[PDB]
Amino acid sequence: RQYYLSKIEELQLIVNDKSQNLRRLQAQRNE
Amino acid sequence: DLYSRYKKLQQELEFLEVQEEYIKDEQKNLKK
Amino acid sequence: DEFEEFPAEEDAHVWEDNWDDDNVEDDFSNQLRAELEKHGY
Amino acid sequence: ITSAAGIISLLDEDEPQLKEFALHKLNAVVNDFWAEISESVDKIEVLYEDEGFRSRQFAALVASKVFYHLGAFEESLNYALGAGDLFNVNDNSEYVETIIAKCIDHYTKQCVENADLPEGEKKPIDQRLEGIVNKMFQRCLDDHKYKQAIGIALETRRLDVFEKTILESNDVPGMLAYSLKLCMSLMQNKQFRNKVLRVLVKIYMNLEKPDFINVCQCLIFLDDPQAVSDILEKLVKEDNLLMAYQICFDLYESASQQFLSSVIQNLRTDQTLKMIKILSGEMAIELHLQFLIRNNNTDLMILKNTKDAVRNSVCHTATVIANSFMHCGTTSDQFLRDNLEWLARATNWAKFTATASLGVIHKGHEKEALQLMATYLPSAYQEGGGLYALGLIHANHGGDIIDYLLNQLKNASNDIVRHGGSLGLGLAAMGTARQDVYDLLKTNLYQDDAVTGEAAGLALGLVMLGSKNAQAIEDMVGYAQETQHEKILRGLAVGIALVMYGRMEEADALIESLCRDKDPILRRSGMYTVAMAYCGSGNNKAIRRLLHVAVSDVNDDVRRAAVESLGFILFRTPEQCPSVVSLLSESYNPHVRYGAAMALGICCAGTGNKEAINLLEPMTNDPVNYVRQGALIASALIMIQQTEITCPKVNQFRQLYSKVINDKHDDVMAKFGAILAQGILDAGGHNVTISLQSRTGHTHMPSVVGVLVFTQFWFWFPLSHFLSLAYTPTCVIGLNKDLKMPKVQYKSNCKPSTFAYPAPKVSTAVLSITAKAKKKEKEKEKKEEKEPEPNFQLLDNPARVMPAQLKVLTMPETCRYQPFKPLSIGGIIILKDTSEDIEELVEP
Amino acid sequence: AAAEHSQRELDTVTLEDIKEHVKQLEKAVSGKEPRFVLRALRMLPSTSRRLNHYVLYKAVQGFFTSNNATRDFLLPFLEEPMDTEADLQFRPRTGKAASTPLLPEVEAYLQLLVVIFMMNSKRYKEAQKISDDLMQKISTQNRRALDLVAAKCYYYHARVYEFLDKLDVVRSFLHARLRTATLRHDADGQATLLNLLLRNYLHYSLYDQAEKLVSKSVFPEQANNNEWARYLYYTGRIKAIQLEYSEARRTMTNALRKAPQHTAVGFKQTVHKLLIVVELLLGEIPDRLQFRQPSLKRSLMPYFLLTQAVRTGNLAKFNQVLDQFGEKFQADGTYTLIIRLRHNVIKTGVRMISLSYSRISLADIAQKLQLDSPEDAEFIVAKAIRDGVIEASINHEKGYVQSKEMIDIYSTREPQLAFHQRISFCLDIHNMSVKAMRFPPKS
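Protein chains in written order, with PDB author numbering: chain C, 21 to 51; chain D, 39 to 70; chain e, 17 to 25, 34 to 65; chain U, 2 to 270, 320 to 428, 435 to 816, 827 to 851, 869 to 927; chain V, 58 to 500.
Bound conformation, chain C alone:
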């Protein structure tokens, strides 16, 4: 069960930075 959970725990880091990124791009836009 370990690999199936480590894999989700690295894709979680990538989506996390994407979400912080999408917020910024929304900010650069609305201005």
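Hints in this document: simulated from the structure, not taken from any laboratory.
Even for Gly, the Cβ is constructed at its ideal location relative to N, Cα and C.
Fair warning: there could be bad hints in the mix.
To be verified - Cross-link-like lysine to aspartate or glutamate pairs, in silico, EDC-like; alpha carbons within 20 Å at most: (1) V:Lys425 x V:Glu341; (2) U:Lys324 x U:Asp794; (3) V:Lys354 x e:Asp46; (4) D:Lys66 x U:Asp609; (5) D:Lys62 x C:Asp37; (6) D:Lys70 x U:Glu642; (7) U:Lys498 x U:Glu538; (8) U:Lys124 x U:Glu114; (9) V:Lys194 x C:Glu29; (10) V:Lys223 x e:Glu21; (11) D:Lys62 x U:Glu642; (12) U:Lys597 x D:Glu50; (13) U:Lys182 x D:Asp39.
As the list claims (entries may be wrong) - Estimated spans, in silico, between C-beta atoms of each pair: (14) D:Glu58 x C:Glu30: 11 to 21 Å; (15) e:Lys62 x V:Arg470: 44 to 54 Å; (16) C:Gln22 x U:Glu234: 45 to 55 Å; (17) V:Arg307 x U:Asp86: 49 to 59 Å; (18) U:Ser569 x V:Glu471: 55 to 65 Å; (19) V:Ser481 x C:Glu30: 26 to 36 Å.
Starting from the structure of chain C, add chains D, e, U and V where the hints point.
Quick look at chains D, e, U and V alone, frame taken from chain C:
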């Protein structure tokens, strides 16, 4: 829940990519 | 964040000092006195 | 100490025995000195490359470990795979964990490719690689909870292990429900979806008492009409009956008319006559009609303050369309009967909406309707309206009405009556794909009468709904870039949109061919075709195709149909959508802003998300008039059947709708949203809700079509009534026998209170002596001196429960009669009748 | 005593700091940003001190206290305070929070503080048992944030072993533990582990073993300044020994530039020690402003007499210094490098002659460098020319070492290339600044 978390996360990543692509376009088009 | 890993292991002269100053050589007047005397004779 | 790496000198030697002690030793010390052995590589590699070494299978392990330490995973599995037994089987160490992770990570990539090209061209899969994964598959099976390996099972195809996992000990068949839900929701390949479904059905059949409810629901997506027909017959021959009824009653509430028409046909080849009677939809409308008529309660006071607040503008059509919602499927036309002179204050086209409004009010009336329509409205517009009105009553279920409609459409003034006629016939035989109807609809379209086209186009699309008819799509478009009369295109734009409903990959050419055509109307039809062809499955490819046009394209109309079209494809997951458009909805051209509201509305069918709402909150103040108009409609669309307790803005907007309508200096367009919004909030007397998603997770073809053509009200007011299709009575019928309607008393779980049915100068100071008199006057004054609440609502079989409360419903365990189909999902359910002395028959 | 009363006030403030750390630690876990922890970990060295036995006990009696075996592990390993009058129950976890197992971040952080206290209390074994268990705890723990808190503990754990003075028992452990990070794309943990590992390698002089590890391994570019400074020194030490001098100066000077302005009096002391010796072997007289600085004044004074020797070229003076100050060099780990110089003093004077003279006749070079014969200089003159310490051509037809005719660089392509490396970094800085910009998810 090992599988369940997996598909929601990967779906989120795939969908957040679309938001990036659209926002990247709209920033460009707005600049026009 | 002191690097305690690397142990942190009179001449209170203010002026910044250049390498050439340390050079040990006889005073200038003695050089010229010799140089002038040598070519003088 | 082990502070050196000269062993690689041993592997430099030639004695085969001496290599083995070196190779063994490195694998005993590779975990630390991965550096030097990295430069060796070839030395260790050649040992395995050489087929004569005595312990080659040990060479790869050490070499593989060196590469795993170095980090070239692309080569680590290669050597790991080459070895065996000791290679990775140990399944104990971290290096094993990292190699296995990739190996099962590598496996899926090949298998996904393989399932793409299975016609012999499929690339080979190494047995050791399959060996390790299946060994893992055999590992994941026998280790611990199988609800995990199943996910990895379907992660890398491998249907055999999928069947093995669920069919194995599996604790209980509950994990079958878990797998089924995952197959429907988080599966993005239809071809796999079919293959997963076949496994889910096959497991269903072999069960001792197969779950008929799920199996028929499973089959519907699998598109197996004949298979369900044989299931129905055996259930009848086995004397099951009681379970057979729900399978039919659940079937009609999800499937398509073509599916039913085929499934009914198989049966024809006593009780079966009952089965046919209930699959065709006779019963559902009648019970759904009996519900709404028996449980109707529409606050006519709300309309009155809107009728008297109308400034005689074009908002007379709004009130005529507003009430249609407030009485959709209720037959309570008291308002139109009551206020009669005012009804006649609208003439020309609005007369066509009013005549149509009568049809929606008698929604689901059936046999009485044919005379019913002729009685009230027996005028080119009015007659055209009645014929269109007749279709609404028999919407999706014409049956016999189609033949009369076909005959009546042919004999017409070749004017408005033809316009209403085609729309009525198209609506009546919606999805029938009937050739006879289609040929006549074409002739009217080829008539090229402008107003005729706008209805023939939609009628052409609806009749061919989801048919992919190559002739229809080629023919429909061929008219588009060959006709003037923009109006005819407006119908054709949606008309060819619905022809591709739900294929979801099947054409994908009209989506690309149309999006490139210069004619902006066709482009919109291309964008809509993305909505109707990708409804539900939020394909990230399409959503990127569609947001693009809404940001770059120039013709603003296509831009709107771009942003708005998102909702149809994201409606299965209302969570993502309130975020995607949250920034679209402030775009510099107000058209794109409009698409945001309608996108938010269609997106969130009936949920009081309060996240979509808050986005529409600032919009409702938008300077543009049409951006405001859509905002209220989008808000009203999502806020249907929700009390202030359910969503804390519902009561806030209601007075905003009242304020906008009762205002005098707002543009009529904002009001049209206001009037329409009023009808949406109380549609069906607070007894219907709009939800494109079916009860069992399906895409509701009647409901989704309803909204799409409704959104095309900007181009035609009389299309407005098409939202009547999106009203699904939020009801649970306690049908026990075929016709018995017992007065079942069942209870809900309204926790802290009840909800649902909502609603029915200055004193001047004069400080000189004011206080002295008042302080002396007071002195003169002194001288003068739910726990048992509803949620146990004793409601007849027609009990209105909104979608959020279908779960908090408490089983009628107290009542002598309890339901045999699980009574937690609204709709029509079979009451499991207890011991004899059956009574409490209801049939008003 | 009021000193301890301020101490417990320091404890509570450290507890509040810890509670700030734990609340931020618990913040990052649910805050979806590992960045938060870095602030708590930077206060770690600051809060690392200022703690006695009462601190952890109340912290561990304030934190944890879930009745978990955790209390049973570190409470015995630290002296417990008496029934103190100011029993401020500092429990950021109340009931359910106590019932909920401590997140792997805070537990290690608290355990590290015990570990730090263990170091602060010289209890490297109780910390050893604490720490390896910490690792034995965090070895299984696979979160994304714990990698940071794990990284700090690692060096302390390497540091607890560092005071344990074995460094081979952790040679393997830190060697494998590193590989756990790299298979995780983790940023900080890989950085911290490598530096501690390398320190292990140089400490026993396995430069060959070390030179490999840097060869295959890649140091995360987006690494902590503190770490980036460290790795550059160790690589500089390795490169200098490997006879790649010119690169040794570039990294060491760059390593020095990254020193934490004024916190690490030591690191700047040692690097300058190698830089001065490294520079001498390459033929460059080091900067004088070094030897006068306050912190490095007496520390580098031993090297001072050397650099004066090389410029003077008085070999007798050079040997005299090694005889006296030489022994001290060994402890600094530089004696060997100085030994290289003793038979390399001729190079600089060959550079001094090539920097000023432009056509010096060989016989003259012999006179001004003390070379025994005009023939001997030729090999040395060419060799310095051969080794790229000069830019001259020896025309043996008439025995004159011509220097290269320098050109107008601004008309050649050198300035453009120097501007490119500059502009690429300047543009990259803009992207890195803009790329993060950390617009908080609009609240």
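Checked hints:
no.	hint	result
1	V:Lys425 x V:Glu341	holds, 18 Å
2	U:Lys324 x U:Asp794	holds, 8 Å
3	V:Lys354 x e:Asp46	holds, 16 Å
4	D:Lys66 x U:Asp609	holds, 13 Å
5	D:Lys62 x C:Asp37	holds, 16 Å
6	D:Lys70 x U:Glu642	holds, 17 Å
7	U:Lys498 x U:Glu538	holds, 15 Å
8	U:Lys124 x U:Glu114	holds, 8 Å
9	V:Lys194 x C:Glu29	holds, 18 Å
10	V:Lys223 x e:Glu21	holds, 15 Å
11	D:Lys62 x U:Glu642	holds, 16 Å
12	U:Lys597 x D:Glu50	holds, 14 Å
13	U:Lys182 x D:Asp39	holds, 13 Å
14	D:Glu58 x C:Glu30: 11 to 21 Å	holds, 19 Å
15	e:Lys62 x V:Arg470: 44 to 54 Å	holds, 51 Å
16	C:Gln22 x U:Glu234: 45 to 55 Å	holds, 50 Å
17	V:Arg307 x U:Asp86: 49 to 59 Å	holds, 50 Å
18	U:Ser569 x V:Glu471: 55 to 65 Å	holds, 57 Å
19	V:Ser481 x C:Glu30: 26 to 36 Å	holds, 30 Å
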